[PDB]
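The form deposited in one PDB entry is given below as one chain in structure tokens.
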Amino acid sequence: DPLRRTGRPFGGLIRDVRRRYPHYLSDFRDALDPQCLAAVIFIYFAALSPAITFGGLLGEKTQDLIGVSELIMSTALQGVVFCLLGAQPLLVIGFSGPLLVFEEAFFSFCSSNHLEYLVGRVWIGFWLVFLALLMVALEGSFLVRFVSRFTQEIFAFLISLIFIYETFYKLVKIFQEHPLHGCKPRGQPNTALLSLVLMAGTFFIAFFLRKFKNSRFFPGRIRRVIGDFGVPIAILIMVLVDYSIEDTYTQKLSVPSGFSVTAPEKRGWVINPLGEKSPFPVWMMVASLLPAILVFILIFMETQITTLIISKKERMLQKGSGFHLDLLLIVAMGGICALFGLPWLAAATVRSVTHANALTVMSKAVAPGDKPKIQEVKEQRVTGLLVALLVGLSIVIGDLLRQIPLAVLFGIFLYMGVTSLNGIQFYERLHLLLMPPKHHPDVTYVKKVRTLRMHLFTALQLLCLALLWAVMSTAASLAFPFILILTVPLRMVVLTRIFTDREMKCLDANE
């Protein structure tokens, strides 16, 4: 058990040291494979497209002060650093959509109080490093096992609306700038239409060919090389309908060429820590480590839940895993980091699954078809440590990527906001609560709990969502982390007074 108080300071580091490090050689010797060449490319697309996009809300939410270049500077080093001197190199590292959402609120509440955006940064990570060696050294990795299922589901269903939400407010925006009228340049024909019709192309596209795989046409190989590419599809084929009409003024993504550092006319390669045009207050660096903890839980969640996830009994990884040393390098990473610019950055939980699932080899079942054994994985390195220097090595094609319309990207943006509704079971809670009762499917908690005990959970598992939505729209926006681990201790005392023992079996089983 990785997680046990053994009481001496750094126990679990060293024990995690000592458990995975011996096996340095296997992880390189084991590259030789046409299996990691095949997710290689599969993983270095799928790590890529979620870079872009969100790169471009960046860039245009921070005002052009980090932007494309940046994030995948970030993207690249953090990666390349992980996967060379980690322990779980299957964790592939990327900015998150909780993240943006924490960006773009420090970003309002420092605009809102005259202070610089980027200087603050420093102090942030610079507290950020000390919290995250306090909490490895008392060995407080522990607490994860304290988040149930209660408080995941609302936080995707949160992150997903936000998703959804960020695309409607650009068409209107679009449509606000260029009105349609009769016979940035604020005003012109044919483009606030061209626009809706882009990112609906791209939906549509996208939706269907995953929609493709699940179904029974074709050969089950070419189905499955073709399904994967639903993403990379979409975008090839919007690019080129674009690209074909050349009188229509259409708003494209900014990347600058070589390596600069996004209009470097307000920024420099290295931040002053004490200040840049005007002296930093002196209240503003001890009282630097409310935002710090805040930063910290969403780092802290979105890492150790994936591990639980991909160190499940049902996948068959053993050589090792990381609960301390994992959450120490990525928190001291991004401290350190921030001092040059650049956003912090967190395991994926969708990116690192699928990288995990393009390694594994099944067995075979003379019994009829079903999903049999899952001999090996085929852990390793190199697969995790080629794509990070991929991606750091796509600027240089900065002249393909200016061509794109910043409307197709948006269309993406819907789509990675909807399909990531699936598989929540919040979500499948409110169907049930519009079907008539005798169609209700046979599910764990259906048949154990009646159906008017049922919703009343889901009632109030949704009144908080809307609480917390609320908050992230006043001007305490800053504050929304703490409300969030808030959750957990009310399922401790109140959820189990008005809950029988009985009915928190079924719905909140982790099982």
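We call the rigid core the largest set of C-alpha positions that still match within 1.5 Å between the two forms. Positions refer to the first chain, counted from 1. First, how it differs from the form deposited in another entry.
The residue that stands out in 417, 86, 341, 392 is 417, the single one whose Cα moves by 2 angstroms or more between these two forms on a rigid core fit.
Now that you have shown the form deposited in one PDB entry, what about the form deposited in another entry?
The next block holds one chain only.
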């Protein structure tokens, strides 16, 4: 039982480091497989594009204090260190929306009170390091055992839905800059339709090859190899198709040139903790505790729920996962990186899920029946390290990257968002709403539960998800982790009162 209170200081840390580290050479040996190369190529773009997007947003919202170069360097360094010393290497760490919101709010607060920003974040990093050390010393990470399936699925569904909304929203903003009138550049013709065509083509080739992977045509080995390289082949085909056209203008991937600060005239690579230009007030040094607590809560909840979803019993993970030597590493790396002005990072749920299920191997079942189960996952320490190094050295190259339009990557992002949905029981119970009761499958939560007492569960969980989305989209979105935490007392009290014991045991269980 990984989530057990030993009763001794650093007990969980020692248990994790003795459970995972013996299987070290096995991780580097398991990487010899053509599937690993496809996983690397698939995840490189999915880890590079959000870095550029969020770097541009952060640079425009912070007066070019933190930009694209800093975010790329931070992601590379933190990913390399984590994949070299982490307990669970199937995690992809990167910048996200809540971190951006917190950074912009802190910048506004610092500007309002005439305080330094980069110097101010150093003390937040120090307090994060102290809090992480205190929590690991007291082995307080055993509280994850109280996060049931009722909360692991709302979080996953909400994150995967936002990933799809923000992908359809990037095409409306293209159609709004080049409208169909007829006659960085603006108002060009044939651009919006070309972007739509490229995105649709990439997405449809992705599903076509995914379907062909599990088909009956061709020999087995060729079929599996071709089905593994679905995303790279789709990307290559659509990039070549766009390269053939010579006159129409399409937006293309842009990266900065040279490892340098975005604003070298007002910033350096090293921040003095006590003062840059004017001395830093003493009171803020001890009043910075609250933002540290808030960002610690954000990082902790995100990383722990992602690890919980990844380490389910259905997904055959055998080497083991560490709930203690993950938070310590992530928070310590963030606190150290804050001293150099680089941003903080947390595990990305959709990227981690995609990375995990792009390495699974499915067994060969009989012709009739349901979907064949999962045989193995094939985890290792090589893919994440390679992806981090590639993202780090994505600056020296970039004359090659300038030929890849953004429209092509939208299809890959839509494919990722759609594929990441399957596997959670909330989605299947949402499917069961439409079907008539005589067509329901022979699953364990429908035979022992009345049909009308499962739709009530689904409706309550949808209500919780809608409330969460409404709270996130309003002006005060910094309370989102607290609202996410508040569902646990809901399940332990209100759902216990409304439902009976047997229904609660059947509907949401460990397995």
